[PDB]
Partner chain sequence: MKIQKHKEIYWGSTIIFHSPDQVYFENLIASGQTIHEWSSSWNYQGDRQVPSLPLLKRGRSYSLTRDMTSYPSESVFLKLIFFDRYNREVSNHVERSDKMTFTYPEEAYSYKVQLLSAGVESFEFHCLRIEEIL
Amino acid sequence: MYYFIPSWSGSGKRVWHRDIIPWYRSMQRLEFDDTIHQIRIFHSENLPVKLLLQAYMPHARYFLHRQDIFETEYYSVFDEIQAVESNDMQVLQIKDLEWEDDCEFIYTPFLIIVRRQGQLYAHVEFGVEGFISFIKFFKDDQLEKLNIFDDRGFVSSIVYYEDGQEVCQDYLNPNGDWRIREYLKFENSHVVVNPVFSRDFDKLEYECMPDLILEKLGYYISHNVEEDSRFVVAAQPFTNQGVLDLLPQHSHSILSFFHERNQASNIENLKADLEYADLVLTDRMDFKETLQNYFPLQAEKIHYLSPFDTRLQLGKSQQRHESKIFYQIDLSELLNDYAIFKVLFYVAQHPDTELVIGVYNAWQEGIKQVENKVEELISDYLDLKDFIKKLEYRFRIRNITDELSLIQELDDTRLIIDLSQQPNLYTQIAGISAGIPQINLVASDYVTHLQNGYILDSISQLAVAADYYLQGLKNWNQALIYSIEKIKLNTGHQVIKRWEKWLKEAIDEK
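Structure please, single chain, the form solved without its partner chain?
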């Protein structure tokens, strides 16, 4: 069986605590997490797989539903702490909570306000799907308590504040009783167990919560995982030691690097994880390059490889008159003004094309940047008249924040352009799945020149590649063929094949 250890951490000083965010500050995203996408693959191939959840996730069920990995069996370290012996969901109504008898409830486009004789009493808050998330309690206009709710329907933990400052946190059990209390001040930064529960904990007091966590999870790995099991660890940007050390000697490890998590990672801090691990996966050609060049002793086991499935989802672009061009912009780089222009120039001079400039997960600052740079560049070099479709214009800018929306865009798309240094892997994977030829500036496993795609010597040569697929049908039909060959050669079945192969070579070369 495969075991997946995610890195589903928080942003605060307490990594192992998940951010609690009201619905109206949860921006909708296309989560590119390796572990999510690697897991979906396992379900797709109907294979056994378990999640070892290191962190404290009171809303882990709604999190799991939103990533369409609800199905996944998980062991939760914090639920062992809190003695949660059921995943039986029981979604709580506003009414079935213990309220003083004189409480008046005021509704808001954002939350609910509870008052007791006109006095502030509680802010009641909700998550993405309208489950009670947390209630904020008050004592004369100061924050007394914060009751964090579990999405299965009971208060998970309680934060006690003094003078608007975190003091301590009481992780409860489904009945109500504190199992542990973590102190949250600089003063005391450690965790003490309720004596009634000495059965369940080794010590009665811990220096850091990362002790408790690594205690319980360490026990599970040495008492429930059968021999030969495989472990996939999402590399933390720092040492993954307090986890890689808990793994049996009769196991195999994969260290997976996700670029959004590992881009500014403490590179030398991982010296030893790269020495432990059987396989090391990243999503960036250049992350691979650095690892190899920084640590030659591990160079051979580091692999660039997509965590994204290639389905078969051929688009209907032959059923179309205008050639639709999907241009992938990476907002993480500086915009390449020459390259944006070169795509705009091409579309400008070809009335039977249209353009979608696509970006993923964009702040609307970043949208205003992409919009303004095209108005600026069209203004400063081209005639906006030529973009009028013979007051509707032949280019737009699409912020993609859904997987279903990218598919929808790509269906009738006829050509993909990604002029970036690191061509966006996901678009490459969804493009293959739709049979769209892909124009690209740098070579890649996933776009092979004059096969499913054209690799430019230079941005200076874009038109030649665009003419190649848009003039006639010959070249584009041939490319469609090679994208099917790439489609079959990179499905879920094909990923775990590649994983399992790389592994069995590491076993063998010893």
Contents of the next structure:
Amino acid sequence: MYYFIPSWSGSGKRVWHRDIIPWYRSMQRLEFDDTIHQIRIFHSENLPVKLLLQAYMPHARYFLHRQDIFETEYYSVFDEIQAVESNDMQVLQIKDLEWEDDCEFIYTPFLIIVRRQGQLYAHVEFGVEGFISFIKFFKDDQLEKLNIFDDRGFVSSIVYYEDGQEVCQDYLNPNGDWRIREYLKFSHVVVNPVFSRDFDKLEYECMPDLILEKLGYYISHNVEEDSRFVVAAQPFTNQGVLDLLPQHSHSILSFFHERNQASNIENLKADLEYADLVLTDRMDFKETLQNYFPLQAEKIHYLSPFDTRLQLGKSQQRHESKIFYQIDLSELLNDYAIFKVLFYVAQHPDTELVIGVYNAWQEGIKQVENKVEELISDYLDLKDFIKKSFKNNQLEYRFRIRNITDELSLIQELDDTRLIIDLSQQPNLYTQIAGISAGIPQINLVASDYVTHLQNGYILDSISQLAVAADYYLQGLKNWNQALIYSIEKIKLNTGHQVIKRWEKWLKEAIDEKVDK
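Now show the form solved in complex with its partner chain, given that the preceding structure was the form solved without its partner chain.
Keep in mind that what follows is only the chain, not its partners or any molecules around it.
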């Protein structure tokens, strides 16, 4: 069958360790993936598929679920390492932990503070979905322990703190017994002797070694003969995993821009020679590879990903044309561009405006709010921004400012949105993917693989022309509809059975090239 080996990493030096982030410090770096795009295709068009997880992800159930691949079967390196036997999830309530009798609780709007006899004992934090994610433990206003919880309902891991620094992290089994301990100072991983039955080697120098061990053992002893492996091109070298694949197996190597935009073409040579099939989500990267490596040009193909969590857009069920205007707040504010949008919305009273801000902290949202208030006050009239619903019955306005933290946030916002505007120099990539997926037109300042000029959206020369673009889709129904058509028959030939078909045909075509010598 088909095996997928995703590249689902952390952002630290320990890349095999997924980040643990409280629900509030959460921010949007791209979580949708070429892998997830592909696996979803296999689940409709019901085909057999399995997932091979090499990374430590205590919260992977909610992750898979949120990403619409919860029903996928997976083998997990760290599930073997920790002897997690059942996928049964028990959603933990605080009430059943339990604590000492004297523990009193205080409910921050962000977390829960447990004090015992007045002294700070613990912080209980939550993850984006609301399950207990991790708990910090305190000994005399000093952090000593950090329990990381599994979303299946047990303590997956403990980090120990010396002098307020990470010294050591041991990985429990669901019963609480440590199975391996990892030392986090420059430095190894030790196996608990009681469980030597399950580890060949009694000690490992770097964590990826124990990882590489358990993975390869699965691929050799558990893979049904002549299978197919889709490997997400990991940031560095793919030898780690490619050189673990069966003798008789097809391998597909998959390149996703968000992940592999920066990679030197020279180190790709090894892995690109091995792979039967190559996939890029960017046309010009396909071309970059076809020129530098002309001997393997034939096996590299373009495939555009699409998030199918997005229902098609229900903007026809609205009298008001809603405009989603994206602002990247890592770039500070651009008064000219904010004003050209604000001015368009003032003029056309049949439009509403959501200003979607990403990469922003609480206080930066206020900056966007004040700048909008200011610009409106100095150059326009705020009264022209009062919504029909409110002034045909007489406060509420045609514009508001939303913090886009999730991708889910954006998916909701896009449901009744009629037009997307992004005036950044680098337009939020997930929004482009989400835009074409939901079949909404997009105005950008730079060209892309998701937006085709005068078909899918408008590619502006300067923001001076913003109204010409905006009108093209907001005025009338014809153009906006020729664009839903174009977008739909592009969602079609990139998420059908048709795509896997094209893969099998491309695998046969790669053999017929080998015979030529």
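Numbering follows the first chain given and starts at 1. Between two forms, the rigid core is defined as the largest C-alpha subset superposing within 1.5 Å.
Of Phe231, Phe257, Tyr327, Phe131, the one whose Cα moves 2 Å or more between these two forms after core superposition: Spelled out, the residue whose C-alpha shifts by 2 Å or more is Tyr327.
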